[PDB]
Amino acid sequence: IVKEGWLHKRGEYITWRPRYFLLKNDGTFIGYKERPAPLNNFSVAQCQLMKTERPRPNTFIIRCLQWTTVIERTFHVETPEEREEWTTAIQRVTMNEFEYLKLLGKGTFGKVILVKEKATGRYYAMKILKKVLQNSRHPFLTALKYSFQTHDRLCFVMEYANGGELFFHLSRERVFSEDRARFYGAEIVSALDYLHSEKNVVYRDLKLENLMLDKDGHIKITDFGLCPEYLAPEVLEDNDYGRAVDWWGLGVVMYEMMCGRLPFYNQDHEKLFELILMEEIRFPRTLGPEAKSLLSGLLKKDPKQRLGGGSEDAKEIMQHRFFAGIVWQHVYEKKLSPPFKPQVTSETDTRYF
């Protein structure tokens, strides 16, 4: 522990709340609602500090590039010498190689472009951020093929699955069978397991929009971050959070696969946030009891009690009844037989673009 004490923190989602922070020698910087393994999401490594006076004097900002995504946390103290304490405490290929084809996403920090590589014909996604790295040896995360820089832009070329978005395949079919969900669920769990233990990283945005299928119908987890129905309670009320957020997410995604609908819904965001924090779930009668058990545990409102939420993390999901007779090393080596294969001949079949 290098320094500690109250700071004001801006509510990343639904404004300012005091919170007791702990900077540490490992890099970590975390805030608890009262005076109280490590995750690289909360680290200060290669971050960039910014004193400022908008929209409240003695404000400061930590901005970090984590992997291919820019992260901002904003704080505010009572006096400038105080802000200053904390501050000090805290401190080839080029664009010509590709065709630009479709705008996959815009946002504040940059753009994501569907791109064909001229020298091979193969399609990737290019993340371009307005102004070293070892990949994850795991097949269902999004791999980074090329990273390069121009004079005003940071460029990241990464896999882009050509098998369709899982949100579309579901919109079409309305609902998934309990065993198709099991297939998707197991790949996701393997992927998040890898991230949690091999990287000490949480994904935080597990939702349907962030899952696609490759040529073979296997899962790909997206890395296209540029900037409610899926937010964990813990995240709403703006606590310390951890690896369990991804399991809350996994429950929501699985709930919607197997019930063809969202576990909590409402047009008004404030009554949605109420529901997330207060309503227990009415599960369908049309639904297997091992499934019910998985979802109930994945969707527990207290992260410490949630399934996957203990010291064992993902091992607690992997050995649930619902996942009986899944060989996990099989999953990792893509040895499961996808139920759905999308309409696609080659890696390059633009049918789904």
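Positions refer to the first chain, counted from 1. The term rigid core refers to the most C-alpha atoms you can superpose between the two forms while keeping them within 1.5 Å. First, how it differs from the form deposited in another entry.
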Contents of the next structure:
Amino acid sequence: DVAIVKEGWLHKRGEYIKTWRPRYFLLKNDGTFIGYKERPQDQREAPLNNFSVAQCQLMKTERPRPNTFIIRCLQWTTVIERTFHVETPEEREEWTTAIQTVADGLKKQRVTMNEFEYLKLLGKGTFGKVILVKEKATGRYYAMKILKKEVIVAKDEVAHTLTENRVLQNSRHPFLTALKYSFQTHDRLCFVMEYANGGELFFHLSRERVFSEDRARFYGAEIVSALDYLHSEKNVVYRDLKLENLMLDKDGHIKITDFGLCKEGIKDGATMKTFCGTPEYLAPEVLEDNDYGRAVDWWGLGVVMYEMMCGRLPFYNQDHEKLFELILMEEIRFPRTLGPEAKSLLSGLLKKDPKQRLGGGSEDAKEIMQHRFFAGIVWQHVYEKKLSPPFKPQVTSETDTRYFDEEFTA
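Counterpart to the form deposited in one PDB entry, namely the form deposited in another entry:
Only a single chain is listed, so you will not see partners or other molecules.
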């Protein structure tokens, strides 16, 4: 019964390269709102929540451009926005009503700040901030997302239900940073995420310069297990897989972080173009604001695992316009000290075309789990943490502060 409600050409502002791009968007009755470079010829795959307009607020703005409408959604613990533009105000009204109608159709179905000690600002965003905190009672480390309540819910009662549910709805996968607490103030919504104390993966990789293929296989296997979970259970694309979002716990297992917030990019002055963060890890289809899916995360896996085994980023250049081209056009090269199994995996994961990318098919993660690089790996044992970590972080417990002291200056 899944059908198209409305379709046509729109102008979508880039999510990382913030410029207006002509896209053909499809609005469906299941809530999906997806744009393409060209209107597609053709479904069988399960829908992705990244494109859902369910439980979202629509806003009509004349800034930065007239006839602009925005779809703002809270997805898990991050407030995201998709900005669109049409030619006439009448055309905007038709889209907004349609989207709202679909969203309405899907509608039908004590922790306080005093308990935490402020430690350090982790990041700032448009709709809030993320800080490193320590629960006074236990001494545990947490990342607290502090978001503006206005941009999320209009009622305190609905926000309270959101706080209760997010904790219960919390996915229990060993390699994802769990949402531990959720509470609200008078004007702020707070998400308390667990913070690994085993050190950043960029820190560990920087010190030992390069990981062995065995050690990279371990980390890679745990990442695959996590991504498989998000895709098949939560039906969501992570889209943030990079070295900076990987940490180790006290035992040496991978933790994929959820500490990010949506920001306004930094204007460079180079043709006055705004860029959001750094693009070295971005998948080609994402960089071009094209249609994207689960294959994005496998590109991310390729990027991460490339750097672990090679000791450098797959694509790098000081100029962004050149860096874009390397990501979009240049073939990936490998060191001659890299084994054939590793090269096969990396080349497959770093395919330019997501439809041809390893794990890009309908079988998703299973295509990667069956790859010869992960031969011998018992994937049930990976999820159950039966695999012993090749590196044991120098910490006595979960409250050990070594990777929070002047030891990481090295």
